[PDB]
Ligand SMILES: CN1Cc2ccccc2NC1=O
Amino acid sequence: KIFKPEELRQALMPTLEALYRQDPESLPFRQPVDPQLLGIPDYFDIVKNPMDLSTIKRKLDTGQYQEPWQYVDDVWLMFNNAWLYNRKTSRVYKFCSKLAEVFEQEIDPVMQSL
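Taking the sequence provided, give its structure as one chain in the form deposited without the named molecule.
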């Protein structure tokens, strides 16, 4: 703090990789939710700020996170969106919970190091 963009990316990238590595759990999250394609027009009435792994990656790659907490906020946004919109025993919700478990384990030592 100040953070160099490429060093911040290098430090955080493993934690995002860890989420992508989860198969099948990352699959609903590797791309944006498209409510039009899905036929769920209610989605954006509940999820005001969509977030997904492809968007986090793009932002990590293009200097969009000045500070590590802005990345952490985006990961948590993606989770909270899925946990608010979906039934607790749904696939998406269960898969989300797994990514959150993985993320909590990966991020702690990285934030401390930064």
The other form holds:
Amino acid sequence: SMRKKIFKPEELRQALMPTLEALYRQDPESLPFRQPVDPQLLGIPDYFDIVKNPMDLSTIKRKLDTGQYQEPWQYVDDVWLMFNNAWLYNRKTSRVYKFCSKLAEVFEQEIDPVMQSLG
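Starting from the form deposited without the named molecule shown above, please give the structure in the form solved in complex with the named molecule.
Shown below: the chain alone.
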């Protein structure tokens, strides 16, 4: 037989939310990622020409809090979208690129045992 695993939204929140919280706890590194990029406010007006699909911690949080992920990989893909956006837009030598790299490191550490537990 073949049975597709079903994940209830609270199941996903309780497993995955802690991994998001681990990123929020990183200070100063998470501060640029805690709200959607506002190009006008930040003085970076080319941002949306380069980044077509914006993502940030508050959006991911919202989606986890309101049951918008069906599968663990959907949550993971949004986290990587947020990081890949920042690695794409910002220069390798920049503060925000280096902050992104630190958050990705923390994320890789936290997510692996969670993915194993979710199966």
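Residue numbers count along the first chain shown, from 1. Residues that one form lacks are left out of the comparison. We call the rigid core whatever largest set of C-alpha positions still superposes within 1.5 Å between the two forms.
- For residue 41, a C-alpha deviation of 2 angstroms or more is recorded between the two forms after rigid-core alignment.
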